[PDB]
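> So you can see what is in the structure, the chains are spelled out below.
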Amino acid sequence: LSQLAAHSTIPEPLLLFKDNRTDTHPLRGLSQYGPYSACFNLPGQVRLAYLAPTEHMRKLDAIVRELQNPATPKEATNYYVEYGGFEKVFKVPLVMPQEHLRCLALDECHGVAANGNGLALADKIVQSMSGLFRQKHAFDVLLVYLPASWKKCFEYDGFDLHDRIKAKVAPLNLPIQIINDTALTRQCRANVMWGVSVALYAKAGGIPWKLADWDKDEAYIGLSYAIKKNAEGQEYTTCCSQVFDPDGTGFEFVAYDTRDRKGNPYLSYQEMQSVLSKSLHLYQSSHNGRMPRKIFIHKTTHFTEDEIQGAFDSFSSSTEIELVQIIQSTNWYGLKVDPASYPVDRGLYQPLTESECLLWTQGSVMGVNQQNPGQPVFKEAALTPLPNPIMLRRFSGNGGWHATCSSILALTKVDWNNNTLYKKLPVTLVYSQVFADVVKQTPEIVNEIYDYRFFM
Amino acid sequence: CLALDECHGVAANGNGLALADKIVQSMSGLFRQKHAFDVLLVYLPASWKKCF
Amino acid sequence: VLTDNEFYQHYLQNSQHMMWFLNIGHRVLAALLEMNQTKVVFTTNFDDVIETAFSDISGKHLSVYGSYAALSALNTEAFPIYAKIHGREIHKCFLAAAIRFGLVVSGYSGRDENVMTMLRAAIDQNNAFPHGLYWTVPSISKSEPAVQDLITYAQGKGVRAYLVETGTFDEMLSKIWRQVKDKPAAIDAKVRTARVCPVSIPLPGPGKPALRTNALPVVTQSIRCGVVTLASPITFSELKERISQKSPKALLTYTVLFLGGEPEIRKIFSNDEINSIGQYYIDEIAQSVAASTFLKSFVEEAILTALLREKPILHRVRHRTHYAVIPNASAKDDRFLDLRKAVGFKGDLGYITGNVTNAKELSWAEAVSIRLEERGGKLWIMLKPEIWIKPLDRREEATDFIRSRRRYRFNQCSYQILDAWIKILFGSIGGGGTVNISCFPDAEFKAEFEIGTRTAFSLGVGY
Amino acid sequence: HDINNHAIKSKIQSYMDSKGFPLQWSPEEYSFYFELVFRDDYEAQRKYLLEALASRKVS
RNA sequence: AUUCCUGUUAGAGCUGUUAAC
DNA sequence: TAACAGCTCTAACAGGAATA
Ligand SMILES: [Mg+2]
Numbered sequence: 005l006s007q008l009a010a011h012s013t014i015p016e017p018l019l020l021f022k023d024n025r026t027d028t029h030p031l032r033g034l035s036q037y038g039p040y041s042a043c044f045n046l047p048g049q050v051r052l053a054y055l056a057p058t059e060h061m062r063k064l065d066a067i068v069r070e071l072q073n074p075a076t077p078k079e080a081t082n083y084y085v086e087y088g089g090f091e092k093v094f095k096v097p098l099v100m101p102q103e104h105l106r107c108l109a110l111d112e113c114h115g116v117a118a119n120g121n122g123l124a125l126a127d128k129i130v131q132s133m134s135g136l137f138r139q140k141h142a143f144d145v146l147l148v149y150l151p152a153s154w155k156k157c158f159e160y161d162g163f164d165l166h167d168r169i170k171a172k173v174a175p176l177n178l179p180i181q182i183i184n185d186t187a188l189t190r191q192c193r194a195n196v197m198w199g200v201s202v203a204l205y206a207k208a209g210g211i212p213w214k215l216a217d218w219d220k221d222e223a224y225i226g227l228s229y230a231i232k233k234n235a236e237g238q239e240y241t242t243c244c245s246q247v248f249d250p251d252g253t254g255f256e257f258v259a260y261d262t263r268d269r270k271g272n273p274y275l276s277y278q279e280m281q282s283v284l285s286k287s288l289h290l291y292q293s294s295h296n297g298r299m300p301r302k303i304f305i306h307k308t309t310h311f312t313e314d315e316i317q318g319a320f321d322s323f324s325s326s327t328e329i330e331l332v333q334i335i336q337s338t339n340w341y342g343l344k345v346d356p357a358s359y360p361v362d363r364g365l366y367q368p369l370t371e372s373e374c375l376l377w378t379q380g381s382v383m384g385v386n387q388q389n390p391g392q393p394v395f396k397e398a399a400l401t402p403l404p405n406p407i408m409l410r411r412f413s414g415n416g417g418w419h420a421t422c423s424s425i426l427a428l429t430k431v432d433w434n435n436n437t438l439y440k441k442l443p444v445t446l447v448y449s450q451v452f453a454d455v456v457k458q459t460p461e462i463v464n465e466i467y468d469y470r471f472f473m
Numbered sequence: 107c108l109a110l111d112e113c114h115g116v117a118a119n120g121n122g123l124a125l126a127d128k129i130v131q132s133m134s135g136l137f138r139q140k141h142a143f144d145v146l147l148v149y150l151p152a153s154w155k156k157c158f
Numbered sequence: 003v004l005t006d007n008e009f010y011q012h013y014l015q016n017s018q019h020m021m022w023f024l120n121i122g123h124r125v126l127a128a129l130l131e132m133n134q135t136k137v138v139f140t141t142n143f144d145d146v147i148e149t150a151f152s153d154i155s156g157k158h159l160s161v162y166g167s168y169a170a171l172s173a174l175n176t177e178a179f180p181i182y183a184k185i186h187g206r207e208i209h210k211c212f213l214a215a216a217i218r219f220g221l222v223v224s225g226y227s228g229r230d231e232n233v234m235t236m237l238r239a240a241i242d243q244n245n246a247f248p249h250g251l252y253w254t255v256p257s258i259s260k261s262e263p264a265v266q267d268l269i270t271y272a273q274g275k276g277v278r279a280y281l282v283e284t285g286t287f288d289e290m291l292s293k294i295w296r297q298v299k300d301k302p303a304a305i306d307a308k309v310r311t312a313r314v315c316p317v318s319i320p321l322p323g324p325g326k329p330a331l332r333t334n335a336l337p338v339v340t341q342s343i344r345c346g347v348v349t350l351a352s353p354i355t356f357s358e359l360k361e362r363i364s365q366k367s368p369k370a371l372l373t374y375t378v379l380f381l382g383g384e385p386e387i388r389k390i391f392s393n394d395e396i397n398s399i400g401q402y403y404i405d406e407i408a409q410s411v412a413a414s415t416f417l418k419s420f421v422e423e424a425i426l427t428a429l430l431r432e433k434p435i436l437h438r439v440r441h442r443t444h445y446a447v448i449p450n451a452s453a454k455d456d457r458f459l460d461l462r463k464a465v466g467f468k469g470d471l472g473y474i475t476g477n478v479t480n481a482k483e484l485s486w487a488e489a490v491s492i493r494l495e496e497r498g499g500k501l502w503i504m505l506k507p508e509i510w511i512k513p514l515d516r517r518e519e520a521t522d523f524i525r526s527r528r529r530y531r532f533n534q535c536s537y538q539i540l541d542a543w544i545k546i547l548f549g550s551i552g553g554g555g556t557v558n559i560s561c562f563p564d565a566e567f568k569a570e571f572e573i574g575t576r577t578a579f580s581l582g583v584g585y
Numbered sequence: 060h061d062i063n064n065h066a067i068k069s070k071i072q073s074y075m076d077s078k079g080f081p082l083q084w085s086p087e088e089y090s091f092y093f094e095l096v097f098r099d100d101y102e103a104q105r106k107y108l109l110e111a112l113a114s115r116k117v118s
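Chains as they are written, first to last, in the deposited numbering: chain B, 5 to 263, 268 to 346, 356 to 473; chain F, 107 to 158; chain A, 3 to 24, 120 to 162, 166 to 187, 206 to 326, 329 to 375, 378 to 585; chain E, 60 to 118.
Calculated directly from the structure, the hints in this document are not laboratory data.
Just so you know, not all the hints are guaranteed correct.
[As the list claims (entries may be wrong)] Taking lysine-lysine and the PhoX-like style, the derived pairs with C-alpha atoms no more than 25 Å apart in a straight line are: (1) A:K275 / A:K210; (2) E:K68 / A:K299; (3) A:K293 / E:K68; (4) A:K308 / B:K302; (5) B:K128 / B:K155; (6) E:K68 / B:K214; (7) E:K68 / A:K301.
[As the list claims (entries may be wrong)] Between beta-carbon pairs, the in silico distance windows are: (8) A:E384 / B:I335: 39 to 45 Å; (9) A:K326 / F:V130: 54 to 60 Å; (10) B:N464 / E:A113: 55 to 61 Å.
Here a beta-carbon is modelled for each residue, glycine too, at the ideal position from N, C-alpha and C.
Let the hints inform the model, and build the full structure from the sequences given.
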């Protein structure tokens with residue numbers, strides 16, 4: 005009776021780099037082969053501008069200057085590879101901004117820092133960057149710096165400063181990579197340098213890496229939600245995301261609101281069929297008009313009876329819909345025996370019951386570690402001693418745990434904002450959550466869909 | 107979108123390869139919004155005739 | 003016998019010539130008839146929907162079965181035909215067809231002597247059912263004995279008849295059609311295998329680097345308990361506060379249900395409000411605790427009470443989750459020595475209850491959160507090691523310490539901790555262990571639960 | 060899904076490697092996959108090998 | 001907010017079972 | 001609609017850095 009269904013260990017997915025040289029470890033592949041878009045030369049040179057109070061301007065220069073110099077990791081050295089600088093690693097020059105592009109935060113912002121008005125501070129920062137509206141062609145990425153003195157308005161009830169700033173700047177179509185004191189503080193320089201370098205390259209327009217041998221005929225939808233604490237009740241903001249791969253070589257990643269008022273996070277028939285029809289049109293626009301032969305949907309909560317029918321009624325017969333619910337909090341947890358010195362292998366999925374499986378998104382990975390070669394690496398050994406297996410509840414897929422499990426495992430590796438090996442959730446879920454926060458903060462975004470490079 | 111002014115310098119230099127590369131690299135602003143449009147109308151001024 | 007998957011493989015390898023002896122299933126059978134596969138289909142019931150589905154698929158009528169019309173159609177090779185047995207004019211047709219190609223029979227349990235002798239007479243010839251005879255039933259054990267007798271008789275005769283267990287006939291045909299190749303667009307548009315609302319994908323075989333989970337199986341399929349009848353309606357909150365103010369030696373819930383001693387019930391409830399006391403037999407414990415959350419809480423609390431009844435370990439509660447916390451007074455027992463080894467750093471003795479290094483009065487101890495998990499139709503006891511803090515509301519003040527102690531409780535250390543805690547909680551190692559616990563053994567309404575001692579585990583399938 | 064697609068080939072090979080099967084184009088693989096699919100049924104194995112190499116696709 | 005998600009403190013939404021209105 | 005049980009998730013803080 006103590007016997008369970010045979011677990012199957014999904015192999016670590018590969019990532020595509022320059023000249024289609026595959027590698028599981030992203031940063032090492034970036035060092036050896038370079039960014040995926042290097043062959044296309046899509047970003048070309050990267051030109052970036054600043055927007056910060058003058059009293060901290062030099063700091064930005066320093067970090068940007070130190071982006072152009074090699075760095076050797078001291079923390080998490082078991083995983084991180086030696087940094088070689090933007091010019092060498094990304095095969096792309098990093099452009100020193102000129103004085104015309106460089107901007108200064110307008111003085112009244114400092115004053116409103118005393119007032120504790122987040123909306124006023126965000127609007128004042130937008131007006132400070134307004135000097136860069138006309139010169140959009142000159143620079144590619146803006147580097148807004150928020151000093152620690154503004155921490156009073158960084159986070160407070162009902163307001164998120166970075167969220168508000170990005171929600172205001174996204175309709176203007178200019179990426180920002182907000183930099184706070186944290187990036188400067190942080191001991192291990194190579195960690196932050198990998199993070200900022202990858203973030204800037206991807207925000208310019210390049211693709212640091214892509215899922216190797218990814219199917220272009222499958223679209224992986226992901227729906228998430230966020231809480232707005234209304235005075236009378238609650239507000240649930242639900243937004244969707246897509247990570248499909250177009251007929252070209254690059255791949256797309258776009259999120260959008262699901263919309268007038270919702271008190272529960274469960275989309276009705278009308279709303280769910282509307283968001284799925286919008287997703288279908290989005291996928292059609294990229295692939296000349298071809299149907300998606302298989303659709304994955306990752307929801308944080310269970311699908312309702314009406315919601316499943318809404319998902320079905322939006323597509324034709326040829327499309328295969330595998331509705332999946334992802335559960336992060338479970339009583340189960342696994343121990344690896346041969356007692357293995359390292360935790361259970363990442364990707365080991367255990368079919369518990371019909372339409373219920375345990376996926377170990379978190380776990381040891383073989384051949385990724387740099388120091389002590391040939392040994393497993395546990396990314397989250399700092400936080401947790403053992404990995405926490407997530408649980409998939411299937412609602413619609415006709416059959417096969419392998420499809421959903423491998424798809425999710427590969428999806429947890431293409432978060433460019435993340436500078437570590439993987440995540441806990443597929444990028445669809447995390448980006449839907451991020452855009453849910455963005456929409457919840459700013460209601461006037463619901464009309465338009467946005468790319469991942471803006472909010473990442 | 108707006109083409110880089112370096113395209114004019116390359117055209118004056120008479121380098122077709124670099125001019126094509128610069129025209130393609132000018133497309134990143136639209137590539138952040140590749141879903142938005144269907145067809146891109148690339149215009150070339152007569153001053154680039156030397157590299158046509 | 004054979005697994006349904008190998009039957010599917012054999013059918014798909016040679017489906018151009020295989021019979022069918024007898120909605121989504123009927124429609125897809127008509128589609129297969131149109132695709133010229135499985136030319137000849139026999140049936141017993143009226144079931145005029147096969148020909149209607151075929152007409153919808155193709156747009157032309159279906160030959161439905166004269167003196168020897170079936171013989172004439174089969175001999176002339178003018179497939180496809182749909183002949184109904186209606187149970206000698208089919209006897210010769212069935213004999214010739216059995217000579218030609220093999221048969222798969224679904225939706226039939228036998229029980230009819232006419233078709234039984236029909237098939238038995240079809241078997242005898244030199245080359246009868248060359249590809250094989252496949253009697254498919256939703257469940258092997260539920261089939262009538264005559265079917266198994268005929269299968270054994272055919273196997274003895276040298277034929278390759280098999281009895282495979284699959285799902286419902288329509289589900290079987292859907293699974294078959296999802297792997298048939300080169301089908302025209304119109305047919306796939308017509309059928310599309312409808313839609314699968316109640317997803318149910320088979321669990322693979324046990325197989326043989330295994331992983332050891334924390335789940336302990338519960339094999340107690342049913343338990344006996346008591347019911348009290350009230351002359352007035354009650355709310356669950358009133359019962360809960362009555363237990364809190366009285367604290368009897370029994371476990372109570374509303375669904378009013380109880381488990382313990384009758385005098386405790388007479389203490390909690392006066393004679394006037396009590397009508398009578400009877401018994402309840404929850405036949406399916408898993409289904410009951412899945413359907414009703416009150417039963418879930420009641421059963422988990424019953425197992426908890428039975429688990430620490432005779433053991434020195436203390437039982438606490440935190441956000442409605444029960445914990446087996448080690449008392450300071452009994453922390454020196456020899457049974458904890460194994461745990462002393464597991465917590466120990468670099469092969470030494472390890473403290474399991476003490477004072478946090480940087481707080482005035484908080485005292486820490488090792489503990490395990492014990493939960494009930496209803497997965498599928500199985501009950502699992504869920505053990506999670508944890509560090510408990512004596513003040514319930516001051517726990518966060520030891521947060522750093524909690525991070526400090528568990529910082530290096532890696533796979534080997536956590537394995538040792540879990541094994542030691544299982545040994546402490548049950549007294550035996552996970553080898554051949556089905557120990558029994560009982561809550562309130564000296565009461566009329568007691569509960570005995572037999573919990574598998576070995577934690578749930580599975581080995582990766584390999585060659 | 061076809062078989063000569065690169066994505067489907069990679070997905071199927073990853074699935075095969077998930078169950079501990081041989082990795083890539085290595086010895087004792089062709090016979091291994093034959094004996095796995097056909098579970099020691101030489102008649103069915105022969106019929107499949109006949110169908111794959113039949114005298115209708117040959118030009 | 002370069003990042004990761006481990007904890008803590010709370011609340012909500014889903015289901016259920018009762019009491020009704 | 002008002003309690004009760006469980007499952008699950010997000011909201012706000014805090015917080016250290018990958019076998020020691
Ligand atoms: Mg970022």
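> Each of the hints needs a verdict: does it hold here or not?
So, going through the hints one by one against the coordinates:
1. Distance hint between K275 of chain A and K210 of chain A is fulfilled; the C-alpha atoms sit about 21 Å from each other, no more than 25 Å.
2. Restraint check: the Cα-Cα separation between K68 of chain E and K299 of chain A comes to about 18 Å, which is no more than 25 Å; the hinted pair holds.
3. For the hint linking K293 of chain A to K68 of chain E, the alpha-carbon distance of about 23 Å falls within 25 Å, and the restraint holds.
4. With a CA separation close to 19 Å, the supplied pair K308 of chain A and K302 of chain B stays within the 25 Å bound.
5. Taking the CA atoms of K128 of chain B and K155 of chain B, the gap is about 16 Å. The hint holds against a cut of 25 Å.
6. This hinted pair checks out: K68 of chain E and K214 of chain B have alpha carbons roughly 17 Å apart, not beyond 25 Å.
7. Restraint check: the Cα-Cα separation between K68 of chain E and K301 of chain A comes to about 22 Å, which is no more than 25 Å; the hinted pair holds.
8. Take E384 of chain A and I335 of chain B: their Cβ atoms lie about 42 Å apart, and the range 39 to 45 Å holds.
9. For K326 of chain A and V130 of chain F, the Cβ-Cβ distance of about 56 Å falls inside the hinted range of 54 to 60 Å, so the restraint holds.
10. Between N464 of chain B and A113 of chain E the Cβ separation comes to about 59 Å, which falls inside the hinted range of 55 to 61 Å.
In terms of the numbered hints stated before, the structure departs from none.
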